[PDB]
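The chain that follows stands alone, in the form deposited without the ligand, written as structure tokens.
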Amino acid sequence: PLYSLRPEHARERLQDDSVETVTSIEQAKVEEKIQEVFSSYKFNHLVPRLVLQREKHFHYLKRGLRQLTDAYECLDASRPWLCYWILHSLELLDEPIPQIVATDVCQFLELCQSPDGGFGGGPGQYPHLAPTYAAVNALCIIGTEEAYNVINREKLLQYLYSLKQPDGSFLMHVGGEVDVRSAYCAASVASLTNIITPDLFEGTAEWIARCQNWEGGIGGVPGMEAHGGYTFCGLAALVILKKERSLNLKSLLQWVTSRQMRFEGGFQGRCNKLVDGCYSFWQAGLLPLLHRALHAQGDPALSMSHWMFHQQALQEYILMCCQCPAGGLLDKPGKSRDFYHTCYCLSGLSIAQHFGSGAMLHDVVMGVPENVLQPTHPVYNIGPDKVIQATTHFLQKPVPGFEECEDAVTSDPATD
């Protein structure tokens, strides 16, 4: 039957060793609520019940891509994110993007681009690496020439330089701070547009490697607790820079896998914290990355059909507990229906459904076959077809460079 419904599954419930703390107490609560949801599917069935409410998701997305309620006022400095979240979800759901919105997205994003490089949270806002990453991803999802042509490549390079620090890290923005995520936004955006100069990421890989902590996972800055969001950015950034070996991959693999909740089936962001739909991507996204990494190093013990996590259990968690009746996906039952979770629960679901390593391909689609999502690139989190398309286009162009930096050193007015 379904992994989560099996009789023995009740054995996977929290054993608080009779020692109650806030953590166990909150964990038990989510497990009780989740069990209630599990029971429902065990109880009733005559027609297939694990179904991705595509229809309702599409309505939510199609509307959001155009107009948002003031509930979104709090994301007024995150508009290119809304564009990415939405367009990626649609892409995963296999909904084509009409030429009119495609062009409107492009034009809006053009308005979000700082004249000195990068993209801000909205028109006239200072550029910032998070919205820069989103904007480039969104334009790549659209994938037309009009979309590509929006990005001022020369200025974007200049902008990355303005944030690049001597120790290898990058500021989120001018006058901002650094974290593994900004390093990831720079590497993602620089590689897709083909603007990686010899020194752009100097020291970056070692800076990211220092973020990996005692748990095996990666914190936002050295010394910080291992966190799924940062760990994904860390490893993804190193894969782009071809420096994954800078990390202790073994303690990393052991850490992620431990992040899958035994009862719930979904992933938590940090050890001893609650399950959450978005981590279906942040955490599960690591497995295809680790799979590539280890495989390149010739690891012979690798599976040729499955990622190193319970693909089935994650899909069950997503389909049974992460869908909203009104449309959109969630953190967990009755918790956080927004475009962010819609994007990530879907991205995670698609990772859990498709496996590929070299020539080997093998899907695992729980519920109705109709549940299959288009595949997502585990590094950039946009369609693999879109990654290939963008890079091939940007590789037609030469990497930008500053000529004044290459000419002869001067020192005397006399020689003019």
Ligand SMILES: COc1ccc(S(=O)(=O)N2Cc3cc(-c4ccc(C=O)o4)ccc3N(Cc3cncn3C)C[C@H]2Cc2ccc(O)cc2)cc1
Given for the second form:
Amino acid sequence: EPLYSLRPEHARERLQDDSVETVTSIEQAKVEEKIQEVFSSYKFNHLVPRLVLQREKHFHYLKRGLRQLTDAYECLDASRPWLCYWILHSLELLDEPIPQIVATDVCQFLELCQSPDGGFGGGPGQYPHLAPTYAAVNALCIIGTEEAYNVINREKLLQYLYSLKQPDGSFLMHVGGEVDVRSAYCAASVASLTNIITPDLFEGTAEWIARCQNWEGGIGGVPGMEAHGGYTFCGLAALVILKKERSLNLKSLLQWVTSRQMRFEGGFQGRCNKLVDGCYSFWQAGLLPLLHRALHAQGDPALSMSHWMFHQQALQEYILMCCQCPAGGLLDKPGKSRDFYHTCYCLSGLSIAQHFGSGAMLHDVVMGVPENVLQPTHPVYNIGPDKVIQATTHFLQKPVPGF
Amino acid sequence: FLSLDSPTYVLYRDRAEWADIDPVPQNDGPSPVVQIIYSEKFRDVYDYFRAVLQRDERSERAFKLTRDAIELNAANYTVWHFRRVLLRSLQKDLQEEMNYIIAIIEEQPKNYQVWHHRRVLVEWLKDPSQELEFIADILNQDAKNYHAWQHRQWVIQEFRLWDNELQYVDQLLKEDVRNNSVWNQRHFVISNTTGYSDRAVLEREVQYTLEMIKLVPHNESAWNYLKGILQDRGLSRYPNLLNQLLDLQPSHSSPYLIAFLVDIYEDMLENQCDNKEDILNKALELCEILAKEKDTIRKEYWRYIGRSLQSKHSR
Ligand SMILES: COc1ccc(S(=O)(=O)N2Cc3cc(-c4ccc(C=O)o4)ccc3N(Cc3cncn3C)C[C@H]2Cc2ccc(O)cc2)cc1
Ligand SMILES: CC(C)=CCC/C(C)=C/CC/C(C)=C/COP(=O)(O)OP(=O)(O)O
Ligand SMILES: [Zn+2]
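With the form deposited without the ligand already on screen, would you show the form deposited with the ligand bound?
First the chain shown before, then all remaining chains and molecules of the complex.
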């Protein structure tokens, strides 16, 4: 009864610095400080808790940002498709429909973004690059219409992808750019949704991805590098698209995600001995569903059919109590500013912590009020499961450019 | 020459040198989305940058212009690409370019483009003399900067600059034994030099890691290092370990201690060992001490473990 971060026992989950102090501990101690403030808010004040997802506030923030932005966004001028995707996806999660007005302007804009050599760049007439190509294509699928699907020039998408493909199974992020697992997953997300996977494309890729898993259990940006949430998500996800999860050592991967929930904060950190952050509500927590499916295609008999293998309630408690901006939008942690990236991923994360699907079994957990439930999100693509269905089914109708 | 934050700064449209060339405004279309309301300074630079890019003007003035475009938005990979094309055409002094990217990295260390660009320089110059020390200085400001480690590994690999790294690693672990980026580095050095399959080394390693776990039992990084080096080989290969961890339980306990014991019991039970049903209960027990008291943030994981053990060590 009722909220796990507020329970008395929980005071115990606070950092033990074994009386040895480093930057790491001081700094972790500091967030635990501010997080305790936020949790203790509800007591000290003198009224009971009840947790609300500020939906209408998030919506007005989103609706406006989709249209126009202040010059604080100069530095996201090479990432505009990302802005589309992040905002549209937050809208579809909060269950807000996209007017044909907007859908079609997004359409036309992403089209201006599309290179005559395949892929999309960060803005009109910028060169193509995999991150925006991935954002464009997801935004286009969130849209789901015929106009949106038709924007993609698949021939060129495949040329582009090939032009980035490296001998060792890896990809460049963009011509003359460099490599990192992100490129694998983007290539995988975009090739698969648009049905352009040829037999040779991802050859060597799963093995390259596999090499990025390290002694920690998780995946690093390139072989040798520390395990990190964003990269681990990309790796696994690219491996599920490719249907080669088995390549990784899934048991240490699991033991690694699980160790990344913070015991006091309830949220996730991107890597060990670093700081909680709301965007990891998706990059880390969204592993558990991917791992669930993958152990399941191996008969693993011991899996729950209620829950993902993380503290769903504590993640929810973190997102709601700590990552919400009263003004609208969401954030990394208390004291940081709003942005559409965190609005996107904190919400993608809350949806994952709400919804368990797994063959037959569906089971929910909606903390605080029940108007908090979001629409479900597909954990490979992080667009809605329906939009994934809809777009694969459609692209499945033309042939792999080849054929 | 004329800095973006100089009070003499003039928009490019007011500059004599540019009189001959028409700006290319951004084409956002009739009714646009995610439109950024750019400052004057910024839109001015980028209009002119589109002009030089379209015309493919390979010129000194274009080169200085890319500087400004970068400073306004260091994430614009199209601009960096053009700057590289200009570095080759205008055959520019790369040593001087290195001093530039040194300055910028120092300003915006968490940017992909900036490190990628440095990398391409070192590749062209075929010369890593400046790198360890450079990296060392960023790392002196953010000991965990992902790109700085990524760059460092890449350099150490390419130029076989292994000789002094472990000692770098020891200097940092001393300054923060919780720096998980430094433990990853230790694993990367050793694993590529001597390797872990040398007994003197595996020992010196394991002895170090326990010695750290002693000084600071609740640092998970030591714990993950310890598990990472042994488990390739199989924890049950090392029978003293189970015993020795059992010792410091009273005076040094932690959920990492209990979880390591469970990893040990897991390995024993898969290696057909002394007491199949016996060990199974020690494990399953601590699965509840963790799931229910000592590490409940992970309850759902610990119940999967108890429940997997049962599901395959029963009969
Ligand atoms: C400090 O300002 C930024 C802005 C953007 C980035 S990013 O493109 O490298 N990227 C997304 C990201 C976006 C935002 C943000 C700012 C404004 C908006 C729109 O409203 O979104 C903020 C941070 C951010 N980061 C940095 C970050 C996130 N959580 C904690 N931090 C310190 C993450 C980063 C993720 C990423 C995206 C694409 C990609 O190809 C690689 C990485 C990094 C720092
Ligand atoms: C599809 C796609 C492009 C996905 C993005 C993947 C993603 C989130 C990558 C993270 C990469 C990185 C260098 C993190 C370090 O940030 P930090 O060290 O500032 O943060 P931290 O302390 O939490 O690690
Ligand atoms: Zn974040």
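Just so we're on the same page, rigid core means the largest C-alpha set that superposes within 1.5 Å between forms. Residue numbers count along the first chain shown, from 1. Residues that one form lacks are left out of the comparison.
Position that moves between the two forms after core superposition, taken from 59, 66, 49, 362, with Cα shift of 2 Å or more:
The displaced C-alpha is that of 49.
Rigid core superposed, I'd like the Cα shift of residue 336 between the two forms in Å.
Looking at the C-alpha of residue 336 between the two forms, the offset is 3.1 Å.
Could you identify the runs between the two forms where three or more consecutive residues, present in both forms, all have C-alpha shifts of 2 Å or more after superposing the core?
Shifted run of three or more residues, which all move 2 Å or more: only 41-49.
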